[PDB]
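The residues making up each chain are set out below.
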Amino acid sequence: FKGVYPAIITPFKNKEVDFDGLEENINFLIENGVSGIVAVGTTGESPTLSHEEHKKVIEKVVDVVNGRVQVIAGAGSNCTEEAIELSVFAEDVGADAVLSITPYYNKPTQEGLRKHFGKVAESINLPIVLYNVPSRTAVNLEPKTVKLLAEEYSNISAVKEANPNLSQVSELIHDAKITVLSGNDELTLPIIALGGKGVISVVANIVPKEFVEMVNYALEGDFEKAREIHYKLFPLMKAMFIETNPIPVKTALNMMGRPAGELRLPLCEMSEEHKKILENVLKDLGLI
Amino acid sequence: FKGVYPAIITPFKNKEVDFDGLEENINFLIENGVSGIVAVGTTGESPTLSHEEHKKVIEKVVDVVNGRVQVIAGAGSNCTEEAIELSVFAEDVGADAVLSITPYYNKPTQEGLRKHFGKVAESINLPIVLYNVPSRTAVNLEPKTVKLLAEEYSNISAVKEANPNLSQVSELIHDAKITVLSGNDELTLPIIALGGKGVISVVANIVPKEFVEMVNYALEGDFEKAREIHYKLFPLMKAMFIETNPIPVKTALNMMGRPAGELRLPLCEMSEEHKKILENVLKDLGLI
Amino acid sequence: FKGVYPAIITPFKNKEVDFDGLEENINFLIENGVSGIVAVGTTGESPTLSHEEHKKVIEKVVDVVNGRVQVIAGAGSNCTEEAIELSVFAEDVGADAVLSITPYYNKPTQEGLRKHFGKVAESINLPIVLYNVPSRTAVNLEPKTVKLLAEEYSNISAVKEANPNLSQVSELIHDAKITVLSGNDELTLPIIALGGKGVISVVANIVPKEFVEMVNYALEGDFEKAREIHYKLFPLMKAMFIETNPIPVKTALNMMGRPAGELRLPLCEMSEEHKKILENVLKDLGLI
Amino acid sequence: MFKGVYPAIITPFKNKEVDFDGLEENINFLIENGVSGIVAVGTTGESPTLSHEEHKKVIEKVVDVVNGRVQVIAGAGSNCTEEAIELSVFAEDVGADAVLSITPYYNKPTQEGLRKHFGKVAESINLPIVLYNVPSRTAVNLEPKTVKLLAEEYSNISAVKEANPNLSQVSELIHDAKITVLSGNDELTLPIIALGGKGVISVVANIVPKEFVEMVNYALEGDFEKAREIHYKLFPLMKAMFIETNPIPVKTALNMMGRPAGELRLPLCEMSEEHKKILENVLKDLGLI
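Protein chains in written order, with the deposited numbering: chain D, 2 to 289; chain C, 2 to 289; chain B, 2 to 289; chain A, 1 to 289.
The hints are simulated quantities; they were obtained by calculation from the structure and are not laboratory data.
Treat the hints with caution; some may be incorrect.
Unchecked claim - Residues of chain D placed beyond 12 Å of chain A at every Cβ, according to the derived structure:
#1 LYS14
#2 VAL70
#3 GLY119
#4 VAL170
#5 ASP186
#6 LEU188
#7 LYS226
#8 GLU263
To be verified - Heads up, simulated BS3-like pairs for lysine-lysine below, C-alpha to C-alpha not over 30 Å straight-line:
#9 A:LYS145 - B:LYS57
#10 A:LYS61 - A:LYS120
#11 B:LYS3 - C:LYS239
#12 B:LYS178 - B:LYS145
#13 B:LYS57 - A:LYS120
#14 B:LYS239 - A:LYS61
#15 D:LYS276 - C:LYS145
#16 A:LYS145 - D:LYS239
#17 C:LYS178 - B:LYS276
#18 D:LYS56 - D:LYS210
#19 A:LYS145 - D:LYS284
#20 D:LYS145 - D:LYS210
#21 A:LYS116 - B:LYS116
#22 C:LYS284 - B:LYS226
#23 D:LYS239 - C:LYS145
#24 B:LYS226 - C:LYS148
#25 A:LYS145 - C:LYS277
#26 D:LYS56 - C:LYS16
Idealized CB from N, CA, C, for every residue including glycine.
Please build the complete structure, drawing on both the sequences and the hints.
Next up, the structure:
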């Protein structure tokens, strides 16, 4: 795993997944140089997709990409048995990897997380991206735990790290001997300087070419040029979290006239104050 | 809503729900004076129950209780369509009310929270208990949002408040359109002192009788007698969070030889260290 | 220690301590039922008094009170040498107790705190009220450290507890080593329910009579009547922290035409937005 | 401007008194090793536990010993505005090159209170001023909007030592401020420079000045492959520097290495036996013994 992997939105139309818009979105991202696509993660609205829709979206992404970039299937759950069914499906349907979130809400212990991901890792042969986002899940996947997992299971391959405490990123790089992927667009630059190898990205849905450029300069070690793009995208990056992801990214795509449509409850339209702000940021970049 | 409402565990035996054990537990609680039972909440491991088991547990609680005390059924979800469907089922199956958790993990705005709970309120005629636990969900249901909800829908009746900042409870009581139930055993006494009317409780699975008396003292305004049971049980209350609920409560029940059985992954067995502490707490109380 | 001790403001006039206003304020609070006076704490702007103003304000409080009620002198500092000096001064000048805050900013360890408070307790024969407020000091004085202090030093007699996690208060009460005084006006009712014996108060500066009545109702165990006043005063109690104390309380006292005067930098006049909220709260109470 | 590595020097004590000879010897050690400047009597220097007179004499000793070879930044912050002015005026009068000025701690002023506070400091002197933000100690966060107003009004508001570990605060400063950002966290120094910061005010540069200077110069020149190598080699040491509250670990470490430090002043006190051993092993691993 290296470079930019947009966490793609799931577009909706007439209350159903918009499979055609999906294809068009995927092809857009591929023309602009992304290394891969993460299907049905948080930005894909996994919580509000039926079991059956989650499967059809993954299959659609696998079928459209048709090997041109890595397809990473969202397969996390806070129920271990479900995380297994999903991971096995991702392998069977032809995904190249699995993104597996730490169980949210039920708050397992570190031993719980170890056991949980261990089952997941044993269930499939695919590379697994562990996904840590304490601010949403109420649990922090500790580096020592990842080190144990990584040393037991060769397919445990990377961490998408969205803990904003970057000394966790140092511990992972130093002790854990795992690939770190940024889980926060705005921390991608400093995480890559730390040893990080890429990013699973929200904003790359909107500006894939520029984000790909930025990340490529950061990987090459050209931070002067990376910073230039970072600072240019900086207001857009802030606007991506002006309300909870994916409310902003879908709003922005609608404003640009790209496929996205409605958010599913309990997610809902941005405030007007917030819209105008995003509106202005998009205008400043000449995106609309 | 008034008094002690144990949030019951879901006992397991041979990877299946222990229906006889459930029945044994319910009658134990009823016989010790609880006002009602909360089925398949987070203490009942709802995250790791199948859709089928969820419905079967609630049906069994309804049928065993047989109108004797209130049955409040867990029916929340971070997907609104799923919340509506669970709530409809609880009504159709004969439950007296619905416990509805704020969407966890996807972090809806206050407006999205209001829309989510509105859809739930509109789907059923049963009284609804809203459930706020920011330390698990990563979202705080604000008192002004409860106020707007209780104003719009007459079946929005109570809030199980587990926010540990008791100014939020004072604000709920002040902006007075709902009954406040303690969502934390150890804060039950000060929450009733503030004007709370009961508790949805973990510890009441273990010491139903004593907790019922404490609460009744607090409700009567006799805090000297209430404090005396609070303090007797204080070490027990702490041990109930020595690891993530329901790990300790199930552990404790197994210890006492009562129906409980295993935890489902990613929840797992307590530390040897932590069990020793729990064991000793239990022993000092003559429960083992 | 029992009942209501206002932490009095230090009024200023023409850039100097307003000793007459001070006298007038003290007399007003005594006439309206307070149990004592806390001089030159945080609410009295101790960080912005010179060393000589600090000693003078305390001397004046001692002199005006003239033994009528207990005088508790702010002493204490994040430098142990200064804390001893301040404490020995309080004794020499005729105060009845000392209020001693945990060192702020320099973050000593629990062992550091024990040694700091030990040196203070050895330096004087007066009773000492420990002051814990992690939200300001960046340090939490653990109940086990209090237990240890109280066991070694018989003049460590109380803790002013401003940690809003009321489990910490339950722990302090369970050890029964020490009197608990509320450090937060709005948590006074629930803290007394838990076994607290009173409050070091901000809002008592504004409504001494009403707050004294609330607190006595609570100490007698009449929570029905305690609740009535707590809810009557709730919007005021919130207004008291709408910005950092003592900016609201001095603002309210000036609006009321009582001695208070200017705030010393870095504290400064409240926002116009916050002034409007406070003024309406004072008007609702008939205080302006 | 401010650039490169500025250690926040300890104040060494001998027999309950500031150890001036030890202080001199520490200063020359750091200068020998290529530091850009010295930060005197900040938190690492136990500013809370020094007398007024010790504070003054310590800054005086630092100015004199340094003798213009490197920049001297004098800690002169207080949570009392009148005292912050006084300390600042003194730093200028005595010959320091710059003032470090911490957001008032404990009393929790509002943003506007902070602006007015730093405004009075800035009006009091002509020295460049480094604003120090460290919410984990002060209970307050100086917002980039507030820094931007300061810098727009006062030409001598020159840098921020940023110890807030939320690094998008750092990119908000780089993006909006026009102030120099200095790292306030040894372990975040490398990612802060990547974001465009220009150096660090450092605890660990007291122990390994030559290594830190060179890691920083690599990160400054944009050679992150080599910055990373030194960052990870020092990573256990950087964590040890906060194993207990700074400056407990750094002084414990200097004493272990037989360099001037001596005792901590209450309420600071000796490290636990368990923490001592962890520190010792990391010192042993780097061969600092």
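To see whether the hints hold, each was checked on the structure:
Remark: the non-interface label on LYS14 (chain D) is consistent with the geometry, its nearest Cβ contact in chain A lying 34 Å away (cut-off 12 Å). With a least beta-carbon separation of about 26 Å from chain A, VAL70 (chain D) lies farther than 12 Å from that chain, consistent with its non-interface assignment. Once the 12 Å rule is applied to beta carbons, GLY119 (chain D) is consistent with being away from chain A; the minimum gap is 28 Å. The Cβ of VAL170 (chain D) does not lie farther than 12 Å from every Cβ of chain A; its closest approach is about 8 Å, which violates its non-interface assignment.
Annotated as non-interface, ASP186 (chain D) brings its C-beta within 12 Å of a C-beta of chain A; the closest such distance is 10 Å. Under the 12 Å C-beta cut-off, the non-interface status given to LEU188 (chain D) relative to chain A is violated; the minimum distance is some 6 Å. The beta carbon of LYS226 (chain D) is not kept farther than 12 Å from every beta carbon of chain A, the shortest such distance being approximately 10 Å. Residue placement check: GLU263 (chain D) keeps its beta carbon more than 12 Å from all beta carbons of chain A (closest about 30 Å).
Note on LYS145 (chain A) and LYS57 (chain B): the hinted pairing is violated, with a Cα-Cα distance of about 40 Å set against a maximum of 30 Å. Restraint check for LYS61 (chain A) and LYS120 (chain A): satisfied, since their Cα atoms lie roughly 27 Å apart, inside the 30 Å limit. Only pairs whose Cα atoms come within 30 Å are accepted, and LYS3 (chain B) paired with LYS239 (chain C) is accepted, the gap being roughly 28 Å. Between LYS178 (chain B) and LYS145 (chain B), the direct Cα distance comes to roughly 10 Å. Compliance with the 30 Å bound is thereby established for this hinted pair.
For the given pair, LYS57 (chain B) sits about 27 Å from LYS120 (chain A) by alpha-carbon distance, which is consistent with the 30 Å threshold. Distance restraint check for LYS239 (chain B) and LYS61 (chain A): the Cα-Cα separation of roughly 49 Å exceeds the 30 Å cut-off, and the hinted pair is therefore not satisfied. A hinted pair counts as satisfied when its Cα atoms are at most 30 Å apart, and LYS276 (chain D) with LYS145 (chain C) qualifies at roughly 23 Å. Taking the CA atoms of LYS145 (chain A) and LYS239 (chain D), the gap is about 15 Å. The hint holds against a cut of 30 Å.
Restraint check for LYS178 (chain C) and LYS276 (chain B): satisfied, since their Cα atoms lie roughly 28 Å apart, inside the 30 Å limit. In summary, the hint linking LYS56 (chain D) to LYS210 (chain D) is supported, as the alpha carbons are separated by about 28 Å, within the 30 Å threshold. Distance hint between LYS145 (chain A) and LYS284 (chain D) is fulfilled; the C-alpha atoms sit about 23 Å from each other, no more than 30 Å. Proximity of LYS145 (chain D) to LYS210 (chain D) is assessed by CA-CA distance (about 36 Å); at most 30 Å being required, the pair is judged violated.
Restraint check for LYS116 (chain A) and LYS116 (chain B): the C-alpha separation of about 37 Å exceeds 30 Å, so the hint is violated. Between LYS284 (chain C) and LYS226 (chain B), the direct Cα distance comes to roughly 40 Å. Violation of the 30 Å bound is thereby established for this hinted pair. About 27 Å separates the Cα atoms of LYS239 (chain D) and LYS145 (chain C), which keeps this hinted pair within 30 Å; it holds. Distance check on the hinted pair: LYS226 (chain B) and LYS148 (chain C) sit about 25 Å apart at the alpha-carbon level, within 30 Å; holds.
Distance restraint check for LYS145 (chain A) and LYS277 (chain C): the Cα-Cα separation of roughly 52 Å exceeds the 30 Å cut-off, and the hinted pair is therefore not satisfied. Simply put, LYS56 (chain D) and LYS16 (chain C) have alpha-carbon atoms about 26 Å apart, close enough for the 30 Å limit, and the pair holds.
Checked against the numbered hints given earlier, the structure breaks hints 4, 5, 6, 7, 9, 14, 20, 21, 22 and 25 and satisfies all the rest.
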